Amino acid sequence: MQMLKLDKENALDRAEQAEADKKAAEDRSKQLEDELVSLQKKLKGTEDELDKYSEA
Amino acid sequence: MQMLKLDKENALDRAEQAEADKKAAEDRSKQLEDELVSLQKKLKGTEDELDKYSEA
Amino acid sequence: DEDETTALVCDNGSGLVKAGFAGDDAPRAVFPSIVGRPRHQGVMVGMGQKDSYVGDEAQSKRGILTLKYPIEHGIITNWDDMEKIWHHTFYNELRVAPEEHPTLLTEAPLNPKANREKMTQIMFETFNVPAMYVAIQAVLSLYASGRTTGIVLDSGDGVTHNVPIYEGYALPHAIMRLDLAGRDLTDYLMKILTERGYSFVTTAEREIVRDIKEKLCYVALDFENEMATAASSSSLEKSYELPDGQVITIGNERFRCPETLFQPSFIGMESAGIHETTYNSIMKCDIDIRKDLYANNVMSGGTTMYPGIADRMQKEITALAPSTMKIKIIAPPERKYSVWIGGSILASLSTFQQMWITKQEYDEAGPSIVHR
Amino acid sequence: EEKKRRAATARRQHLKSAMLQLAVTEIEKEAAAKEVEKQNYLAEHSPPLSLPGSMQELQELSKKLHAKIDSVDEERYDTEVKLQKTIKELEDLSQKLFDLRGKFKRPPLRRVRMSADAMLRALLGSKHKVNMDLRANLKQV
Amino acid sequence: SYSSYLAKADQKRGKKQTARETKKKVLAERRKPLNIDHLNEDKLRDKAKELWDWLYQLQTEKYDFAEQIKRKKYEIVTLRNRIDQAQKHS
Amino acid sequence: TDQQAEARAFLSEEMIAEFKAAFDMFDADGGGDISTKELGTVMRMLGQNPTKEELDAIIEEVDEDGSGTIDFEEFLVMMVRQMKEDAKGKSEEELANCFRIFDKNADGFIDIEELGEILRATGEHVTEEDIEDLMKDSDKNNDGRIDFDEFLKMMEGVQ
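Chains as they are written, first to last, in my numbering: chain Z, 1 to 56; chain B, 57 to 112; chain F, 113 to 484; chain S, 485 to 625; chain H, 626 to 715; chain G, 716 to 874.
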């Protein structure tokens, strides 16, 4: 009983920590993925302003 | 003893699942963050090739 | 302010010097640790005859000078040429007069007692600084990550180290040094890239292999099925455009270069690798302190910046450590300046004033005073 | 070519000095007035004590005070701590400015040693006659 | 970000509980019992006032610590404006 | 010695005269320089209690001849640096205070309104043009207000 209780509490604390920094990995994921569609977008724009000034 | 054993197994399975898709959120994060330092880098390059061809 | 503004922090490396004012967030001055001596007599237009060149002017003009590195593997090997790099740092790079600035310097892990006394002799007796202090590098890196106990894997240009620190005291008998670092790593990429069917022929080809290593290199986790991935040939490849058009492609070798840090066998080294060495340092320490060190693997140094270095190390030591243990690999973003930042913090600190070695201490106790 | 412009500047100065001059004289006004508030506050929170009769009163009062002491003391403590907290908050801010500008004027903490004027007075007592400030000295007439 | 919630509890509760006893330790020292009870009659007289002064003592200090924070609070307001003014990301 | 120069250049005979009398009392034996111990004695008379470390640091601050002692020259240097720092502190304090008086609204600034008031509050005769002029000259960051930094600058010199 005692052993099963203690390694149970340690299973639950590792689970709780693993859920917490998972939430954090997913929020950073979302943030970086969004900053990107923005940078990649800005780029088709600077590369297309480019073939234009280069041809001119 | 029995109750503490059964809710323990259910604590561990939820922990294992929560670790698994965390690994997956972090790998996707790392992949997107890397694709980015690449796109943002490619860009300082296309924008600097640019002030150059526009000045020329 | 007298010295709040006034404390200098100079981190002397094998490849780079990092320098600036305690208080700043990053080094005001970063430059190669070379001293060039002209192979021929002559001048640049408008200048006089120069006996010597330091930092970037030595690198830029390398074709007419004999270049020399004062710090071999983190230890000062030539004191005539080091006093030259210090002179350059104070007077040209930071443009300060040293005789009114306290100076925090750094030394390496098992730096010989006699050296710490010699750079003190040169700081006080030829530069006449008011006060100075020598911190150990891993110790400033740790501290800059907030903590006081942990083990630092420190890796720069000529040396790699593991310095287990407990409540601030670096543990002499558990420190490991591996002489393979970013310098070794640029030369290995060089060969696997010429071996990819290329030529880094002129000096403008040589130098940029190092900029390829920094920008495009990776440390893959499961380096095994990453080579396997290379073969199926995914969009894993990466082409870099050279000083000119000459678009060079690097797909695979991209990670074969940092796999050298885990496998020294890639370069005819018989020594163990980074992760095993982290571990061995740890099973050389007291037993009761090993859970602490394991949850506090702080990384610092230019060569630990390869992305995915931390994940590989994470899994490298979990799988060597007893499962009852918590592993934790801290790798901050500013890590190429951890050492320096730890010095900036410490030296601008409110409580550090009472550890500065002053000319009063020195003129009265001899170099022994700062040696501790 | 703005030959007269010189008089304009002198004005700002004349005024600036009219300002400072104003400041100083107002500075001590607020100062003393401030104090006045301090003695009034204390005036009621702890008025000129008047020892009671003899028996139960003296004892009672004594108990009254003694309890208030632990009271006021606690308050005094909490206050000291809110100060500590505050001084702390501005030290950090007194940093966020340093490494963003450098050494700047008027640091809030001010590390001051005793003045030379002090040391001189302290050591020579009577014979210390030099209203030192900055005024150099060059032959009169 | 909910794995950091357990950090809140541990942290706050921790620091707050640390602060408490300290305050208790500190405040306790500065406290000498009213031991003198029924030992003399005129004693109360020479005693009562001493307590009175100690009180006035503390009171006066509390007032100063107070005015002090106010002054400091203003140092801050200004020190903050200097921080923003000295921003210019230019 | 270069310092001991301007230093003595700074002070007046009067100054030197007294700083000497003062130096002499520092120097017990009357040899010619304050030792790490001779200093300790005076410090305590002055109400301090320095430690060996602290004392030396205070000594080797003006010990150009690495003597570990202070001569009437190294001393004058020291007095000078102090004289300086003292006067600087007193100045910034006063101005600091003036700013709080002029501020009163405590927004940490001094707007054209308050500037007018305080100005008009002086005896001097002034018309709005003067006030707005002084504002325009003082407000360097052209934001309308006058920050403490600017106030330090603007008052730079004025008495």
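Hints are supplied without guarantee of correctness; some may be wrong.
Unchecked claim - DEER-style ranges, computed between Cβ atoms: (1) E675(H) x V508(S): 40 to 50 Å; (2) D583(S) x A634(H): 45 to 55 Å; (3) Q465(F) x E654(H): 25 to 35 Å; (4) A720(G) x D104(B): 47 to 57 Å; (5) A80(B) x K438(F): 30 to 40 Å; (6) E675(H) x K752(G): 37 to 47 Å; (7) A644(H) x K438(F): 24 to 34 Å; (8) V508(S) x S110(B): 37 to 47 Å; (9) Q153(F) x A732(G): 57 to 67 Å.
Read the hints as simulated data drawn from the structure, not as lab findings. A virtual CB, placed ideally from N, CA and C, is assigned to each residue, including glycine.
Worksheet entry | Violated constraints from the hint list, given by number and in increasing order | 2, 5, 8
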